[PDB]
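> Chains U, V, C and H with the ligands: place on chain B using the hints.
Here is what each chain is made of, one letter per residue.
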Amino acid sequence: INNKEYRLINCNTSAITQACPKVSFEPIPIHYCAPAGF
Amino acid sequence: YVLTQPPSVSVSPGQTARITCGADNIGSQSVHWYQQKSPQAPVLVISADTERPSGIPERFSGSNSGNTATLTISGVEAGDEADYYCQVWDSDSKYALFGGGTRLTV
Amino acid sequence: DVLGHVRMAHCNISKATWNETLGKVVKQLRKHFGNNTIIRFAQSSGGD
Amino acid sequence: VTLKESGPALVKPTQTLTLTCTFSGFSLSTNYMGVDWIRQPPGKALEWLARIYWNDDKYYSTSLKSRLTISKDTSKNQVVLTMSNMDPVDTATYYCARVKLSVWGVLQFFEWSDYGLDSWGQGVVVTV
Amino acid sequence: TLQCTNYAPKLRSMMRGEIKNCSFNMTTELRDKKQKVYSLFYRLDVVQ
Ligand SMILES: *[C@@H]1O[C@H](CO)[C@@H](O[C@@H]2O[C@H](CO)[C@@H](O[C@@H]3O[C@H](CO)[C@@H](O)[C@H](O[C@H]4O[C@H](CO)[C@@H](O)[C@H](O)[C@@H]4O)[C@@H]3O)[C@H](O)[C@H]2NC(C)=O)[C@H](O)[C@H]1NC(C)=O
Ligand SMILES: *[C@@H]1O[C@H](CO)[C@@H](O)[C@H](O)[C@H]1NC(C)=O
Ligand SMILES: *[C@@H]1O[C@H](CO)[C@@H](O)[C@H](O)[C@H]1NC(C)=O
Ligand SMILES: *[C@@H]1O[C@H](CO)[C@@H](O)[C@H](O)[C@H]1NC(C)=O
Ligand SMILES: *[C@@H]1O[C@H](CO)[C@@H](O)[C@H](O)[C@H]1NC(C)=O
Ligand SMILES: *[C@@H]1O[C@H](CO)[C@@H](O)[C@H](O)[C@H]1NC(C)=O
Ligand SMILES: *[C@@H]1O[C@H](CO)[C@@H](O)[C@H](O)[C@H]1NC(C)=O
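Chains as they are written, first to last, in the entry's author numbering: chain B, 184 to 185, 188 to 223; chain U, 2 to 9, 11 to 95, 95A to 95B, 96 to 106; chain V, 322 to 323, 323A, 324 to 368; chain C, 2 to 35, 35A to 35B, 36 to 82, 82A to 82C, 83 to 100, 100A to 100M, 101 to 111; chain H, 128 to 141, 150 to 183.
None of these hints come from the bench; they were simulated from the model. No incorrect hints appear here.
In the DSBU-like style, the derived pairs of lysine-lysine whose C-alpha atoms are separated by at most 30 Å in a straight line are: (1) H:171 - B:189; (2) U:95A - C:64; (3) H:137 - C:57; (4) C:43 - U:39; (5) C:64 - H:137; (6) C:5 - U:95A; (7) C:43 - C:64; (8) C:43 - U:95A; (9) H:169 - H:155; (10) U:95A - C:57; (11) U:95A - H:155; (12) H:168 - B:189; (13) U:95A - C:71; (14) B:189 - H:169; (15) H:155 - H:168; (16) U:95A - C:75; (17) U:95A - U:39; (18) C:71 - C:57.
So these bits of chain U aren't anywhere near chain C, every CB distance computed over 10 Å: (19) 18; (20) 20; (21) 61; (22) 84.
Idealized CB from N, CA, C, for every residue including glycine.
Pulled out of the complex, with its shape left as it was, chain B reads as follows:
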């Protein structure tokens, strides 16, 4: 900002949401399927 005073980088852009600790980020393969007629 200007033991020194600091702020988080997001304070100058937007409020920050904490991810739920129970949520895993490991990729899971997703298969895409056509609707009938395609």
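Okay, now just chains U, V, C and H with the ligands, sitting in the frame of chain B:
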């Protein structure tokens, strides 16, 4: 509402004179200043506190704040000394109120 | 800050055009109220 | 902008004073300028008497409401001031002056400012 | 709470007292700080 002026301001040649005009809440109304020399109608010297009418020397200036309006005349010479008056038009009561005059002395 | 003088917002409506338009409205109202009635326009009553 | 006063020089006690001010260079009910009257007793500060605006508004000093009357005639380009019950204390130089208004907006909304008395007449001296 | 005075005391036009010059603390990006904000409001939006 009464406009109170000093009876006189005495200055040296070239020194700035300060002619005041006090009244309760004078800063909320426009104060006009007039200069009377010979026993002839006066000439307007300050219009609405800060405007200098065309033809008036740059020596004439002023301000108005709070309980005091002030006419500042720098560079006073023998040709400037005069009886100066403040006038205010009070829209609330719809009439013009005049002060008692201030005489300059060089 | 407000630059320059503070001024009141307003609308300008031509008087002749309005008077002719209102007269036409009066004629059509007379068709429902009679040829011997009086039609008067007035300001809205007090409220928000 | 020229204003010229005319009236009697000698007034008897209890006599009504009549002062007429003729305008040149401006006129009332055409432009937005007004005219008023001021008096200055000898050796004393200026005393405001009364004002008439371009829109037929009339205002009087609270000290002279019972004695002072003003009227305007725009065909003559004249203003008339009258005062009843003239007293020796009323000896003064009487002046008429133009009340110049600076108009920036709509007149219907009073969008103007009192600019002061930029042009004064020469006045007359009335002794009672 | 706002602390307000008239925007133009001098003005004698119909728009007298309609615009008020108000001061208030409001907030800042950081929870722990405050600032002083001056702004103009119309009379119709501000109640004593
Ligand atoms: C609706 O109709 C009304 C007329 O009934 C109309 O009002 C007019 O508004 C204009 C401004 O929008 C006024 O214009 C002024 O006219 C004077 C003439 O002497 C000029 O001197 C003014 O400008 C000068 O002086 C100012 C003094 O402060 C200076 O700041 C400026 O820079 C110039 O030096 C200005 O031009 C006009 O007088 C009025 N008329 C009346 C009769 O009040 C209104 O604008 C119309 N509105 C719409 C939306 O059509
Ligand atoms: C704050 O955000 C702006 C973008 O809105 C950015 O340009 C600026 O660099 C940021 N401040 C810092 C200290 O990075
Ligand atoms: C409100 O009043 C304050 C008084 O100090 C002044 O500094 C400020 O400029 C005013 N607001 C505006 C918009 O002028
Ligand atoms: C509205 O503005 C137009 C110009 O765009 C003008 O011709 C018209 O006369 C105006 N109306 C009024 C009522 O002044
Ligand atoms: C215009 O208004 C007047 C009332 O002020 C009315 O007598 C006159 O008939 C009106 N003109 C038209 C064309 O409606
Ligand atoms: C008014 O008179 C006309 C004839 O000029 C007639 O046709 C019309 O129906 C009358 N209106 C009413 C409401 O009686
Ligand atoms: C803003 O907060 C400070 C806190 O000390 C207070 O003194 C001040 O009066 C507040 N401003 C307004 C306009 O209430």
